[PDB]
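J.: Listed here are the chains, written in short residue letters.
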Amino acid sequence: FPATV
Amino acid sequence: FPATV
Amino acid sequence: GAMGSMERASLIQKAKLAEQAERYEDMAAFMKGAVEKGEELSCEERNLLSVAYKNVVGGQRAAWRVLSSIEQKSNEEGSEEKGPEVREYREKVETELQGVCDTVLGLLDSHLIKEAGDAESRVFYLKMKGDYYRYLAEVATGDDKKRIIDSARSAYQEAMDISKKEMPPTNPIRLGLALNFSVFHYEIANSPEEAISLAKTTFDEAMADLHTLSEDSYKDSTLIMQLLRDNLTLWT
Amino acid sequence: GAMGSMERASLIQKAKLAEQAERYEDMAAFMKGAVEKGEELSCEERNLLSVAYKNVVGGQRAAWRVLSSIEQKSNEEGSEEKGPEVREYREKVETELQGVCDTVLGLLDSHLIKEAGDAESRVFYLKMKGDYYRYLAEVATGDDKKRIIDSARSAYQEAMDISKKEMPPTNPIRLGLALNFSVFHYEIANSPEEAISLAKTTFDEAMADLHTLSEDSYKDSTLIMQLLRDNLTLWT
Ligand SMILES: [Ca+2]
Ligand SMILES: [Ca+2]
Ligand SMILES: [Ca+2]
Ligand SMILES: [Ca+2]
Ligand SMILES: [Ca+2]
Ligand SMILES: [Ca+2]
Ligand SMILES: [Ca+2]
Ligand SMILES: [Ca+2]
Ligand SMILES: [Cl-]
Ligand SMILES: [Cl-]
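Chains as they are written, first to last, in my numbering: chain L, 1 to 5; chain B, 6 to 10; chain X, 11 to 246; chain Z, 247 to 482.
Keep in mind the hints are simulated off the structure, nothing from the lab. Keep in mind that a hint or two might mislead.
Claimed, not checked - Mimicking DSSO-like on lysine-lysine, the simulated pairs with C-alpha atoms at most 27 Å apart in a straight line are:
1) Z:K283 to Z:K262
2) Z:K360 to Z:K411
3) Z:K328 to X:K47
4) X:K64 to Z:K338
5) X:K174 to X:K124
6) X:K26 to Z:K300
7) X:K64 to Z:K300
8) X:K102 to Z:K300
9) Z:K319 to Z:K391
10) Z:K283 to X:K102
11) Z:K262 to X:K92
12) Z:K338 to Z:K411
13) Z:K300 to Z:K262
14) Z:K319 to Z:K338
15) X:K210 to X:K229
16) X:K83 to Z:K262
17) X:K124 to X:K156
18) X:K175 to X:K210
19) X:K92 to Z:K283
20) Z:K360 to Z:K283
21) Z:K338 to Z:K360
22) Z:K411 to Z:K391
23) X:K64 to Z:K262
24) X:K26 to X:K64
25) Z:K391 to X:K26
26) Z:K262 to X:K102
27) X:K26 to Z:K328
28) X:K124 to X:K47
29) X:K26 to Z:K319
30) Z:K300 to Z:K338
31) X:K47 to Z:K338
32) Z:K446 to Z:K300
33) Z:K465 to Z:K262
34) Z:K465 to Z:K300
Could you build the full structure based on these sequences and the hints that come with them?
T.: Structural data, given as structure tokens:
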């Protein structure tokens, strides 16, 4: 899964 | 803290 | 509201205690109570709100993914029929997740966004709106999926437009917005090229502005820039 | 009971799904529903019940400890008055924890223990009774503290007596019981010498019986034996 903030 | 199960 | 009788400052104090205790459901309930007092939120308070709900929904999303994978396997050829239980429980978790998203979106609509005039607050809240519509989109399969996706897109796009006009390219809110909108493109909108273009342009424009920053601001910005790079590495 | 309309087998199936999804509150609710069907639990089902509640109460205990430490610091000389909020929130978490303990103890009393005739089931449930009274004792400060401690002691002691008569010294339930009763002695009953004696005797008697075991049983027993050794190392 890609990075999110 | 000591081990418990 | 169960928090209606508690002072605003006490709700904030207890949200911070709940964070320390990793009690994120409590933290979210305290922060919902604080929002419902009707006053605008400070920067610190906005971040308490976002941390609380991010952790709650993050756990729900992780659980949903586990259950969805089990359900998918159950519908492969050669899989034995196990009855309605996997679907039922996935649906239960899904409904809980949708409820948390609807709660957040409700707070934003009543009335955080409409009172947010400064770029830092308005962009923050619109990013949140995009994020929680994105979480709804992750689990959507029906007739409203397109409209949910468009709601996320619209919120992100409004946030992007404000951020580009009003914030430097190194601003952490701007960077995080771009990071998440890029992920929306890749994972939700079936637009990997747009995702990659956005992440690269964001990174490069931030790089060029780092020279303006203090040591502490540089640390903050470069942390998020590394997340953009991480995604680019994953995608290329 | 909210689970009254769901089949027993479906509750068990969903408890296993909840475990996979790390949804331990759900897992505990499903297993409570299964117990309330009124039938005895299999070995696997007993372990589902214990895993669920151990994880729920474990999180509560960890949170309680964080908040108690903050509260203790607030009552040191030189600490600024911050109002009733730390105490209130610690009390909230404490009350929730006590509620979970009371729920478990209620299931054991109505009617798991009274129907448990085999040593493996009866010892398992009495160990659980001791454990959840021990958790109540950890947070007790009032007039019933001595009686709560004695309730834990009594449950553990009955379990010990059965285990010594009916189970080999390597049996994992027997070993885990002894491990936990030893911790009761050290942490609750202010009896470190008894704690150490029990852990050492348990370890040594298990060691002497390992030769009787299959490879897989040996692995199971030696895992718990290492926990006894770990505690002994901490305490000596
Ligand atoms: Ca007030
Ligand atoms: Ca088959
Ligand atoms: Ca659904
Ligand atoms: Ca291309
Ligand atoms: Ca039935
Ligand atoms: Ca002072
Ligand atoms: Ca109390
Ligand atoms: Ca001594
Ligand atoms: Cl369900
Ligand atoms: Cl409280």
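J.: Go through the numbered hints given earlier and state which of them the structure violates, listing their numbers in rising order.
T.: Violated hints (numbers, rising): 12, 21, 22, 25; every other hint is consistent with the structure.
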